[PDB]
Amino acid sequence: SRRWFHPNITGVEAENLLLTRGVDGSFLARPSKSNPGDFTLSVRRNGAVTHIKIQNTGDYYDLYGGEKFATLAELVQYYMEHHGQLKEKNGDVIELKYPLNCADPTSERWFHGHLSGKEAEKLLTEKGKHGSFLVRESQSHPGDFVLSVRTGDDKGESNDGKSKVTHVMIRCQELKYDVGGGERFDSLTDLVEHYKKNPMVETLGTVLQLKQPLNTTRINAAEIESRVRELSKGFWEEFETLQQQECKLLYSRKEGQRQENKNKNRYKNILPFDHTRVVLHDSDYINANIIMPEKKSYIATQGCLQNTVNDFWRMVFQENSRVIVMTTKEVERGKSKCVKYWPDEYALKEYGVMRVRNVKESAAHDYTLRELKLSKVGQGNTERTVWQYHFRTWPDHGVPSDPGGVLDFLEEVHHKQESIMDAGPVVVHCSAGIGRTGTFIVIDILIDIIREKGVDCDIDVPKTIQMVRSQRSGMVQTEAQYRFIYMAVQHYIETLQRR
């Protein structure tokens, strides 16, 4: 459960960890600082350490000499149940047996490190609820930590005195942690997890429940500039924090794994969650999920394959979708990303029982809009206009340097959607339909709150990403995409405060 990920280690330091603390079959992953965006799977075998590269340009995790994955936890899980899959150049098998646990508490939601005692109380007071807790570094006693918990009736401020904020010392004694007596734990993580199962009870019977970490990522949109600045010189900690939670999301993907369905997947192991998969009743399978903010919903799907085009048009029809957002060139960096599934301008085409006319193509600066008429065969009355926004200026690597273009694009897609009273979910896709797709959908969801509720509302980026990730694997792929989301929301804010 992601303890095998070491967010701060170096290629050399990991070598040591696997050679000293580790045995054959021990493994860990770390962000390589070779290429920011790259990752390394360091596995100890036959006495030594082999490094296995994993590349993520923003579409998926590409395990060099392995397969592609939506998340690292899915990558790891996959291999710890398909022995003999991970192979080296000369066919040798690489076993992943023992997760080499990291002790760095930085990525935990509950850890805050840099934080005074007055702050902690202020936060627990304002944001806190019964069960809200945090672990900060001690200033009164360096090297040691402090657990602050809240217990009581209701949340937010109060004077009823019904709620309170207890603090507990956590000492670091010779590289282990304790609360004053009892067990000594090898890491803060271990200590905290133990005191969630077995909560400390006070003398007079107050049970110190560690229910939920305290939320420090929710900001007021009005103030997002100051928060981004504060994160510029944070983003990484906040992001790797968000990334640690991906282990909670290893939901089933059985339908996608079935035999009859394997070749409907662009990448064999990037699959739709069963509980949110689009089901076609028009087989029933397509590599797509409904993403629902929790009014406007989305279908996030992979770029069509030749043999899935008919299914894609069945889905659009069935879902009553009237807008499609395509965020990829058909071909990029040599490889196919999406097959052309629309007719040439003016042409009419049949894809199975579905019929599409490309009525008109308009070219704007960053995208192309194609007005499409979709109908079922035999029943010429089911004619409905489907508007396809094909975004064209997204770089082969990384993200746009300025969110302006994406923002204007989205505003347009939003107005289109809004002008059609029937419209079902907005279909959004790229290559695997998780990276750019997730980025576009998160920005869209965020902006929509701001457009509705205004500049004086609360937004929470990692919380929104996490909510999206629980509906399709790996939504939003990289830290670059993570920052771009903040910049797009920022840019949106000041153009609202200027118009």
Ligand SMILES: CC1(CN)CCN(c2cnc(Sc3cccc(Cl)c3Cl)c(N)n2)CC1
Contents of the next structure:
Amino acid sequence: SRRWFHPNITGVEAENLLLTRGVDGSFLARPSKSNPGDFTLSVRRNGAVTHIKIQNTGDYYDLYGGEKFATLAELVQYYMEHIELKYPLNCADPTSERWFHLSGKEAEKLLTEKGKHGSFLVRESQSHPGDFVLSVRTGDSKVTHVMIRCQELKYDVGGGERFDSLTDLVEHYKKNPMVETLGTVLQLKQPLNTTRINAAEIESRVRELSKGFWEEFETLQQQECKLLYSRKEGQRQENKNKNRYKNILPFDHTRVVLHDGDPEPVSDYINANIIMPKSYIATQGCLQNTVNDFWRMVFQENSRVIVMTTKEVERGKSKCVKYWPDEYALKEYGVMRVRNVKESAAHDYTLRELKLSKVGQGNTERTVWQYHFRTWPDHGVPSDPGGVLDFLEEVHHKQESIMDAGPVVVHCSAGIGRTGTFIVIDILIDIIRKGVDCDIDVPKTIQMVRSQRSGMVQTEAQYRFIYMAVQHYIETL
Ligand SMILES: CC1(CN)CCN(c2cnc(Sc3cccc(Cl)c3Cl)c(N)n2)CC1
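Having seen the form solved without this ligand, could you give me the form solved in complex with this ligand?
Below is the entire complex, every chain and molecule, led by the chain shown above.
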């Protein structure tokens, strides 16, 4: 449902809402206004409201007194199946729906300039403030307007059932479409796309979102509820301690499956996923016990470029074990043998030239290049995207320069926040690098990658950093 999230309520607004429209076991989650980036889980117990903080600095949602998760949905899912969270107290604000917005004539052109059969949107009435309008497109070539009146806190389209919110109303006429007198069926097949822009417009769009970014991002967040794909392998007993974060797991359907492993019972698991929009494996920072597994992956998938986006230690916290030999040194990691051939240090990153081979057979050698980005801020995102961009641009040419190279391995700590910011920037400039004659749809791209790994861009700050990055790249054409 994900409608248990309320984008714009204060604490007290939530408390009274739980205590007036809810029962013991009712809960909700809301953006925290004390700390931008944080969120708050609000639950009713014994007729009282306890509030639970959840911090997300860019790596994961850290529920205090609980566990760390990829999305708030997987969080709620996790706790609704094991202070009890029984009944979602659902939100009626539509600000975070894909279809909500806006003048009629302006609505008609967009539907004409960008819509197909079934594209629709809901806007606020201009004739009677308080009422709403549902504008829908039908064709093979017509746009239809359906007024939605607000009466005594309930909404309708002039007859039939009265709804407690537009989302309910809309959801009802998606499954039960209005039929006009001459046969025309007003099918609400897809919300109108207003986020895909031409690459040359990014600068215009970024300026108007800065007076916007919040709304669009959380409108993308609200859609994570569609991405609760199974992650069972990662919960299997033999795999629990192969995860750096027990509750941040790879989708079974996109995980990398290690083959040709030791006869041990389970030898095919690693907290990684293939990311296909050049392809990527998105993974977590190695642990002591999965280093040999990490290199089995690199070998198997023919990866020749690794991109690590964290220090080994950050703020005294460990984030990734040292899985590469010292410069000029040679190490054996299970059946895999790695020599660090040379290291080169730039200001923002280090390149390690690593040769990977399988012990015993000197016909499996391949160079692997590890690009170790070292200047990401301990919290937040870089104030400027130049460093990231030149990094990725270097990374891309290295990858393009090797024949038959496999996925490009990308990893941070939990492998969702930073790792996902990078891959996405990389996909988008991949497009712009086609030139400036191309459309860019950041939300779409983020959602396509979250469908392949949980939580793949973590924060709003990062989300805007992606826009800044693409803008900057376009400026430098
Ligand atoms: C005004 C608005 C209020 N709610 C409504 C429209 N805007 C909007 C719409 N859709 C999404 S999401 C998405 C986008 C493309 C492809 C896919 Cl697949 C997804 Cl899932 C988004 N982030 N913003 C911005 C805010």
